[PDB]
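Knowing the structure of chain A, use the given hints to seat chains B, C and D with the ligands on it.
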Amino acid sequence: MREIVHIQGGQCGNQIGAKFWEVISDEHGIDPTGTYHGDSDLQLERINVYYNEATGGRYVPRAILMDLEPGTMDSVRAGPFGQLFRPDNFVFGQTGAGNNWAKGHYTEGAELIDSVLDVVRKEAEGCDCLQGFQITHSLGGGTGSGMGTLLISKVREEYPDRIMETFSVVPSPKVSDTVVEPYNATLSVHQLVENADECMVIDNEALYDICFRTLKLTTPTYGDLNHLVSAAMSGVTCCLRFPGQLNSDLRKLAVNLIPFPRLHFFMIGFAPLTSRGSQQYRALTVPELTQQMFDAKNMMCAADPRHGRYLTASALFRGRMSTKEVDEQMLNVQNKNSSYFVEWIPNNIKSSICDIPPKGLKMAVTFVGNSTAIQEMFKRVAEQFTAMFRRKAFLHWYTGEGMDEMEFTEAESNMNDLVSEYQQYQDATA
Amino acid sequence: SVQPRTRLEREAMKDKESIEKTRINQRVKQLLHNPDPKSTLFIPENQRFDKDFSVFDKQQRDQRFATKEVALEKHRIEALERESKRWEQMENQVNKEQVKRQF
Amino acid sequence: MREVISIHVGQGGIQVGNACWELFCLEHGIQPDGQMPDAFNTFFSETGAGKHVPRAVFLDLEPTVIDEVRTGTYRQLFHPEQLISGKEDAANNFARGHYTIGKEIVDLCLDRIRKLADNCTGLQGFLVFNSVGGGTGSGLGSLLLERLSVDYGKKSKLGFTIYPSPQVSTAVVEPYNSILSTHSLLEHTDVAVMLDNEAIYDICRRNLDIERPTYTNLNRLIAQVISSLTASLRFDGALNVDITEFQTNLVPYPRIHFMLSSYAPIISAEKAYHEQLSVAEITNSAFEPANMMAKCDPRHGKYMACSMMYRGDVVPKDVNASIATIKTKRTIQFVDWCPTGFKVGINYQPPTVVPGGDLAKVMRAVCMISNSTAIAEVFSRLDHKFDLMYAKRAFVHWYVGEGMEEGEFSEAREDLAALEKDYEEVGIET
Amino acid sequence: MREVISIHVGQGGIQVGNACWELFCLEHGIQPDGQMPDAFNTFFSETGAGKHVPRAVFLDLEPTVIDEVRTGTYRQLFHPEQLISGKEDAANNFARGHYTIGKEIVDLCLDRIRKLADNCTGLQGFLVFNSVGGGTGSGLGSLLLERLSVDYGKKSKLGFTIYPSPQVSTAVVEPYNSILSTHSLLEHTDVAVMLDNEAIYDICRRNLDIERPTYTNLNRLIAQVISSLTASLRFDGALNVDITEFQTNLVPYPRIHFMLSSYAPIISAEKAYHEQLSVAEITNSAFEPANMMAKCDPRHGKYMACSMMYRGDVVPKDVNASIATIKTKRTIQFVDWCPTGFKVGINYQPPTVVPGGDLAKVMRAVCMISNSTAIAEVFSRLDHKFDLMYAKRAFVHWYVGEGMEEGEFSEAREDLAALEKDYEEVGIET
Ligand SMILES: Nc1nc2c(ncn2[C@@H]2O[C@H](COP(=O)(O)OP(=O)(O)OP(=O)(O)O)[C@@H](O)[C@H]2O)c(=O)[nH]1
Ligand SMILES: Nc1nc2c(ncn2[C@@H]2O[C@H](COP(=O)(O)OP(=O)(O)OP(=O)(O)O)[C@@H](O)[C@H]2O)c(=O)[nH]1
Ligand SMILES: Nc1nc2c(ncn2[C@@H]2O[C@H](COP(=O)(O)OP(=O)(O)O)[C@@H](O)[C@H]2O)c(=O)[nH]1
Ligand SMILES: [Mg+2]
Ligand SMILES: [Mg+2]
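Residue numbers (my numbering), protein chains in the order written: chain A, 270 to 699; chain B, 20 to 122; chain C, 3 to 432; chain D, 3 to 432.
Next up, chain A with everything else stripped away, as it sits in the complex:
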């Protein structure tokens, strides 16, 4: 019951899913052949959340994979746990977008999306009670940031009451791999605010910083960043698949973390994270988890959370632990940092406890906090956008496929209005 379907688009989203599904399968004891080989009874009670049942007793994820080029899905199939995905759900084009948002949203993405919407509708109509959808995509690419966001609007138009999740990677100015990143980032943020019920920003720069400083491993690769993102993704829905002292589905988090409908851009972080050589030194206790959870360097975004004030915060503890300690520590982390918490909403931290810890760990915490410090990312994105747009650089590529500069002006104005009205509440006082 109350299950969700998985939809991913683009190369970055496909690579994120290729590790997210591996993590989920390892958590539920599903072999790469789809056969259950788990140890505990609880591993099968709520498997309908992510997995479907077919004849022969094997399980198949309800994931939908889409891209405008076939290479990435032809590569993910040969990887481990690549056989679980149903071949029918693979939809792809023969041309690609070339990191051009217009091509992936107006000319090419519009004709292809009917086929993927057909299978999306097939998956949603069938399921017992829908909880919602979760979306993984990147804002630094053309086909992803175009087709995914148009699909968001199409899904929202047909299921207005369901919940919608988006895990979005925004292009940081530090590690830049594409010159046309500001254009399709700014165009995508315009559409994303209007339809997504929840959005979670993730930055490659913050992932590299975490890998270099906390884990202290010499050579980070995309596999480590994907593993961290996958652990963070799994931590959110853990209590929906396992029993606990205070169950809290996604809708309950939506109620408690979004004060106003347009303020739904969160930054997350996962604890504990320790190096291989120091994993024996540390002792896992609730104070040790909560001190690392609110650490500024532990956030999955380069945004500095002590440059603003938290509107609200959430924590999803895992493992068996006493609730009194959790509540007193949450109170203590809020009394010692009163300057960084907005004062006109008292008791702005939500907590939840799940009795099933991750495989290999005795305690774990997932942190989701809505803070005013996120304005800095939109500020720098808009700064680069307005630095590049004033000369109409690279504009002809977009304008040759039916798009105009008016949609750029409206997007810039709406993004600046969002930036302004997000900080409006930072200076608000009672």
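In case anyone wonders, no lab produced these hints; they're calculated from the structure. A couple of the hints might just be wrong.
What the hints assert, rightly or not - Think about it this way: if two alpha-carbon atoms lie no more than 30 Å apart in a straight line, the pair counts; the simulated DSSO-like pairs of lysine-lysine are:
1. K105(D) / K273(C)
2. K631(A) / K104(B)
3. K443(A) / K117(D)
Chains B, C and D with the ligands alone, transformed into the frame defined by chain A:
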């Protein structure tokens, strides 16, 4: 994995002009009924009479599927080999740090 | 399901095509006979049983080079009737190969192009090679580009033209046809890469330590650059780049698409292994002005956008740590309206070595394609050379008597003046 | 993570660099081929697998010495393209190597310096060696120091210059360029050490009992002094000293940084073991005026500060018990405004012996770097020699015709007069 041996193995380089030296050193037709055995076109006379696309296609289709299956197992193994080396190297790094400290 | 077709016209084009086609056959394990003793599909096609046929066509009006090709070791590889050959050479006269003898040959080439294109299903685009300072090369390249631009339309075409050196020259009349061909391909080619011989001679002399190079050594380096550019289409990589993802990242405006390339490392086996060839030092060497593949000084102008490809065991974090260092340096400055200008690609396959060649085997390499404002100097000096002889109308009778009109020379001069004004207008800060 | 770069310019500089680089390779166990059959990092760099590359660069305009280096046993050690060589010698003319031929070579040297510096992460400073009484040595040393002082700024540079002897001389024009180079490095070098040949000849004759010494015997002693100075950076010690901890202890004022060195013990194996070589007797021998490494009498002036390094099994209490004895003696008097003037360093690694050399193996050694007021005599005698020929303007035409102005000789004379007045002003008691 880019790799080279020891200094001794290369043994050509201490102010070599051999490379310069090497450059100096260089200073009623009947072809319709008779397609070549190598060519695709040639169907044996003895087999000229199997008349079923059905059976033949099914066997051919089965073979065409199988090659892809073995290929998939092999390419995935190569993927596994890069990753295994990286996992091993990180573990190795910890052991090594440990080794120097013990030394 | 991704394909590309390479066009070779003229003596220089055929001699660099030979150079790239030893390298591709060696890199995909195909013997010179064409027989192997799923990545080949980008450049080759399967015949059903046995040999592979290149997706390339060789053009020339003068039969000597084609006859040399059809008797060498590669006689069995190419299809016998795609090596189109003429009888009479254009003899460095541009008007000949555009109005007199090229028209009767161009139809066969277009028929061959159609016959090759109907086989491909995922055609990415075309590649073309032609030495600009010759009659048949420039004229037939212009005519083929003009026919293809209307037969196919939006398909992408890439041109690896070899402009004459600043002072070193083999002919005496090459500025005329160079200017005319630049006129022709200015409005007809999506990408043009600079390849003059003097810079590559200096590269060979300084790094490879060869004091008597021949054309083969130059063509091998060009072949390596081509292989590095197209590796991402036929090998698995952590950060892929497609051909169609260029005009969205390197071409700010439709007129400006001339850029100059560089490659690193270039080193011989006698002293290659004594140094570690880290990613930082190779990416520093690639940006050195003395390692430009065209004899232009980047210190004399701004950068617009840099697209640079890696291959081997490089890790993205090391790439970011080196892009930061380059942004730090005060001798390299980017244009004002471009905050980030780097597009990064990472591939896993190390560069392959050709036996008996110059380059050694290494695990890391970098190839950069950079668009800069300093390129206007070659246009200015070619224009100055053209004006000196056009003042007295020298050598014009060799062109007027081959069907070309008198006024055709002036409008090419006007288009070059327009291009030079445009390059100055773009490079000024706001 | 601590590094230092040594610069060798001129024939004397290269011939002493060879002397120090046999010693370092022998001391760190590296074979002449560069292959070992974590202390090396100060002078060397790891290439990833196998050989080590020195952090040194050799400069000369006259190719004979470099060609001798590139064919000896150490041909495989140095990187082939850091042995920068010219074509035409300066021929003892200072104006040549500062204005005519050195300018075209200095750019390559600066590029090499940058390429070596980007590799180091903890760069302590630079070392430079140059015989002062020569054209290319003095001129290029001056130009390199002047370029480095502005390219890097506050990084420390140490100069081991070899001034001419009081009466013994090889050239006839060396006072001119000696005075000019002293002018140049007076305001540009942080430390300058005196090294004239006559004193070391007397040391060899008296102690080593060699009646026919050559330059190699002198250079080996200089190499031993360098090794003793830099031992504290690469070996464990009870009382460490860094290079940056000098201008705070030996340099009372920015102008005064010329000091003279001494070493002890110096003894041959034929009679070394007959005596116990206690710390007291070696520290007494080090302060003997006849064992100064520069031909100056310390009895003619006050001491300002003494920095003296030990290595071996010496115990600090024995060092203190010997510093007290020296303070007791009436023939050694310190300046009034300096109550304590000794800086002591203790290291555990005994000095290493070079096979076939002069010095024997001992367990204790002492190297002193002492700043004294008596150094003004060498300046006075060089000034007197300069004035004799500058009165009649002899040999000036060889300098005016190489681009140098007429007045450039006078201001060096004025700066020497200022230095001599400053040395007199400092040495008077309050
Ligand atoms: N890089 C490179 N350039 C070449 C080579 N061969 C010729 N060129 C250049 O080509 C220019 C002249 O054009 P060519 O290619 O030789 O002759 P063409 O293009 O066939 O034109 P025609 O003279 O009519 O036959 C010369 O200025 C050369 O610089 C080559 O092998 N490598
Ligand atoms: N201690 C020592 N001094 C040397 C040695 N070789 C030369 N000198 C001194 O250097 C002075 C002259 O400068 P050189 O180093 O010989 O020549 P240079 O510095 O290269 O200048 P050029 O004459 O232009 O080549 C002489 O007066 C010598 O005293 C040496 O091997 N050891
Ligand atoms: N975490 C992670 N990020 C990736 C990976 N591959 C690419 N990216 C990011 O995705 C961005 C490029 O997105 P792109 O591939 O063009 O998206 P597309 O246009 O939808 O295919 C780069 O800036 C990378 O930082 C990966 O394997 N893992
Ligand atoms: Mg020709
Ligand atoms: Mg000399």
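Hint by hint, here is what the structure shows:
Of the pairs offered as hints, the one joining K105(D) and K273(C) holds, with about 29 Å between alpha carbons and a cut-off of 30 Å not exceeded. Between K631(A) and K104(B), the direct Cα distance comes to roughly 29 Å. Compliance with the 30 Å bound is thereby established for this hinted pair. For a cut-off of 30 Å, the pair hint linking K443(A) to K117(D) stands: about 25 Å separates their Cα positions.
In terms of the numbered hints stated before, the structure departs from none.
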